[PDB]
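Novice: Spelled out, the chains give:
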Amino acid sequence: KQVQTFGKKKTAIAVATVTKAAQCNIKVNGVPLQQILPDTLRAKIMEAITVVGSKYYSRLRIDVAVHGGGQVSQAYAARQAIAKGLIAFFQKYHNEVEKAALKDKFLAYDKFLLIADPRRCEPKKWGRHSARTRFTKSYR
Amino acid sequence: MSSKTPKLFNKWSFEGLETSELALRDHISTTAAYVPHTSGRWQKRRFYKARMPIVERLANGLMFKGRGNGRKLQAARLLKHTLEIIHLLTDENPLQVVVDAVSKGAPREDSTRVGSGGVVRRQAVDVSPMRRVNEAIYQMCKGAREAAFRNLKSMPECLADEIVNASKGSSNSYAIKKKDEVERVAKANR
Amino acid sequence: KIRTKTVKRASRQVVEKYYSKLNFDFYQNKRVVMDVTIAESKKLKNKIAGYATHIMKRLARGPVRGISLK
Amino acid sequence: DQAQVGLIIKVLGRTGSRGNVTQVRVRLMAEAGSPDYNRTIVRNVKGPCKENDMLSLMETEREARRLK
Amino acid sequence: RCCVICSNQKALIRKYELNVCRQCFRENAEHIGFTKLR
Amino acid sequence: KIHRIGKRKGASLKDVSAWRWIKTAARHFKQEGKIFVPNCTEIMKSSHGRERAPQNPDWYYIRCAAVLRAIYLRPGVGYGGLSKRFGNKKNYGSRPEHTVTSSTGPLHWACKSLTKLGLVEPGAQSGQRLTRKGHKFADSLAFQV
Amino acid sequence: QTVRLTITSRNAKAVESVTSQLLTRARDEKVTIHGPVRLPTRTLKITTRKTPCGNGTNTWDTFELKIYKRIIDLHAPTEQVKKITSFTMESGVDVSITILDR
RNA sequence: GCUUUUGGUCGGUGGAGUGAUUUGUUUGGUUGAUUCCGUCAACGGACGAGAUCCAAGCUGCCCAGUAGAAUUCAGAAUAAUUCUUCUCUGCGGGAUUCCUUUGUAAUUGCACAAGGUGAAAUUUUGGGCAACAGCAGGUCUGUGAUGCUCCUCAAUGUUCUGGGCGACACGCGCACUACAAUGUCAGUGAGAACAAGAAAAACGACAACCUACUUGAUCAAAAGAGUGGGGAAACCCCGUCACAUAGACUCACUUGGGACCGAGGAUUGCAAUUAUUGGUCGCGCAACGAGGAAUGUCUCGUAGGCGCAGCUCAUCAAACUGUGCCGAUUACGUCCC
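Chains as they are written, first to last, in my numbering: chain A, 1 to 140; chain B, 141 to 330; chain C, 331 to 400; chain D, 401 to 468; chain E, 469 to 506; chain F, 507 to 651; chain G, 652 to 753.
One or more hints might be untrue.
To be verified - Beta-carbon label-pair distances, calculated as ranges:
hint	chain 1	residue 1	chain 2	residue 2	range
1	F	548	G	667	51 to 59 angstroms
2	A	117	E	486	41 to 49 angstroms
3	F	550	G	701	45 to 53 angstroms
As the list claims (entries may be wrong) - Reference excerpt, derived from the structure (chain G facing chain A, CB under 10 angstroms, subset only):
hint	residue
4	706
5	707
6	708
7	710
8	711
Note that these hints are calculated values from the structure, not bench results.
Beta carbons: idealized from backbone N, C-alpha and C, even for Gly.
Whenever a hint applies, use it, and build me the whole structure from the sequences.
Specialist: Written as structure tokens, this is what we have:
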């Protein structure tokens, strides 16, 4: 009774571990959902649980391994690992219908997980400063 | 709905909302959201800007003039304080006030150079729906940095003070004063 | 989006020389390309396979330059 | 009140030197049992516009670009 | 730090990875196995 | 079913509840000179007051979660912009200095030593009251104050 | 003596042209071999201004390498490895390997 | 380097012209494209474009003892097992204008759009490359790369040659950069989290590179010293931010400039008379308080903000080269400049 899954944003990697129980609450990358410090990320990382099925669906014991990004991209890395993590189960341990209900309710929500929304910083180039910004002219 | 569909700023009411003005009504964001900070490819395309909650749009448009700025998360803090001050000033859903504060802010009509090749010439030109959206939020929060620059005894209130007023239509708001003074440059020229 | 004369030309040699490629499927009409054609790159076949299906489909509309042995 | 809310029927074209304003044919938005259309009065809009835009006109019944 | 191909001790020479090729430039001196990509 | 941090939000809590327990208990150790700045490039006086009073349980919750560390690794928790820096770009560096003395405190008093972390780990138990006993008007439930 | 192989060479079809091919001298023969994958690739990146002179459009080169490491693992044949590596002649710039551990 | 960011250039035979020259290389439609189709006194060919390349994104196969997860068993606080989700990489899949829209345009065509599928949706993305003609463009300070013709021994040669300069104070005029004056971190004191490309070493001798640990610590800081493995998959705690921690400021040139400043002291090393600095701590009362005309460069993980290594390097980054974090409003346009 398990699956496993991975979140990704930019470089940030979340990995969703999966264990089963119906009473339980999730740690942050290392620390429980409730207590993650920037409120304004929490209610986001609530969205995985709260939005769509809040309670009727998943209390499952879940831990996440998040490395490779700064703080916020690690909050987006996370939730995806959950929505991915959750959708994994109802394919393995449940019927298409219970799945089809959930992932639709995601699809309407946004690309909560359709994908990492792949965007990586542009390589700095030439004498160009940072990227696309040029060393500035004078006496032009 | 047991906090499933419905949304909360932290705990707040996004359902009863609509815009008043049939002009820009029915395209402006009517919120279902929690936090104004979301990340997606916000405007890949041409008119995509009208989808996402003004709450973002403000929080997004929230802090120009970057110097050591944290933007979205620093913004959302300020909007925790901003909305709360506002509703229990105005006794309304500040989701309404802000929604009601967008419309009265921007000029419905403008005067541009249509002059050809260095000639400065006039025409009355008629503003477009996304420009009352856009310029409102832009100038709306421009009143902040001004009212907020030095003389403040007022930490967040500046933002509260030009959202409150505009939602009242008052001419004191740096928001609306340009809605009229542009139209002294509009109906005058035409 | 616009195809170079190289895509254009070679794809006219295929349709001239292969009626194995029939279905409007880009995917079927592709897998017949790469075995039969060596362009040394994928995009060429991906281009070629895209235009090769334009030709066939349009043949059903009427005649097309490089007319068939029919 | 002054709000008379019309539709863009179409973008009658780009107009003007910079790329900014755009000629538009406006269908007065208000509908009444005696439907008052213009039917159409050409307008110039400031900023980006699109196929179904609601354009409330504060200075109504002006005949637009004509001259220049 | 006079360097490898010439008297130089100028045209400041790369220490990077201790190959000292700048004397006759790492452009003229090549076959090192470097390539021009990106 | 209670672990170090992890149940707590030890940000300003699992420290501070340990702090009073460190200060009010006469047991622990505060060396003499406090007049000197703890922290990277700070001309501000080392704090308003209570200088070691932020310091010690860091080193403990530094020990606990990060297992093995030291003088070199633990200042990774001591943070600074290193910005006094004069008309140049600022840069960033940590403090090796009070480290040794800081960790000597735990070299006494029931917390393991010249290699590891702790002995009995009071931290859980002495911290086991946080969800029980709140400072801030901790909400908990209507049963617990 | 489980032995170890580190093949470090740049050039195209060397790092491959030994380990892939030339371990099947041991791979399919009396030896029993433990293949892992090649370690990660490196690039050695120098960038020098293109101008011998001062004048420029401020332009720079970027020159690169790739060094390709492969680890390939064994049980212990005695004296066979001396025969193993020596079976197969084909490559250049590729690396011979003498390793013991555990 | 630049003309030169664009899409341009050249020839053979043929045609027109006494000829220089011209046609091919075009009206029109479309495209970033002399890119296409159509038309065509031109026909068939060469370059440039494209395409090959390189990195980034989703993905297959192989693979892990110099990658890291699952589980049971026992132990503190209420060590055995199997694997490839995560990482490694060579070679492969994938993208194409593919359906749809009676759409725009249009009997053809070449195509465009809004939409669909998908990690990616229109040269997918960022680059490298790049014709033909030229420029009295820069380099004789890169080079046994070179023509002259000056020097040739109290030398314009050479000196681990000695000392000095290249860097000086008329607030002089100018280019680029770093600092910043706020109550939007705002200043600072603590506290919580988390990142990535990159480097690391010595021979004609009997270790000179980094970094982790813990002493220096009964008394500053930076220092000193001893132990420990790394030839590189020895390392992962970077600041921005998060903090209401009930912290301190508090209608001000100021609990914000760090300049100028004289006293000690640690450090690299032939020598520092400011080399330099989490080094102290005095000067703050030096400007300074959104910047006159004028001027810069870019459109999506982008500007901006932040910061980290690398390169020079015995010592020193406000420089450049590259990596990553935070992450924007405006146009999806015109030719007016």
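Novice: Does the CB of residue 707/G sit less than 10 angstroms away from some CB of chain A?
Specialist: holds, 9 angstroms
Novice: Given a hint of 51 to 59 angstroms, does the C-beta separation of residue 548/F and residue 667/G actually sit inside it?
Specialist: holds, 57 angstroms
Novice: Is the interface hint for residue 708/G satisfied, with its Cβ closer than 10 angstroms to some Cβ of chain A?
Specialist: Hint holds; residue 708/G Cβ to chain A Cβ min 8 angstroms, cut 10 angstroms.
Novice: Could you see if the CB distance from residue 550/F to residue 701/G stays within 45 to 53 angstroms?
Specialist: holds, 49 angstroms
Novice: Given the hint of 41 to 49 angstroms, check if residue 117/A and residue 486/E actually sit that far apart at their C-beta atoms.
Specialist: With Cβ atoms ~43 angstroms apart, the hint holds.
Novice: With chain A as the partner, please determine if residue 706/G meets the hint condition of a C-beta pair closer than 10 angstroms.
Specialist: violated, 14 angstroms
Novice: Mind checking the CB of residue 710/G against every CB in chain A and telling me if the closest is under 10 angstroms?
Specialist: Hint holds; residue 710/G Cβ to chain A Cβ min 7 angstroms, cut 10 angstroms.
Novice: When the nearest CB of chain A is found for residue 711/G, is that gap smaller than 10 angstroms?
Specialist: holds, 6 angstroms
Checked against the numbered hints listed earlier, the structure breaks hint 4 alone; every other hint is satisfied.
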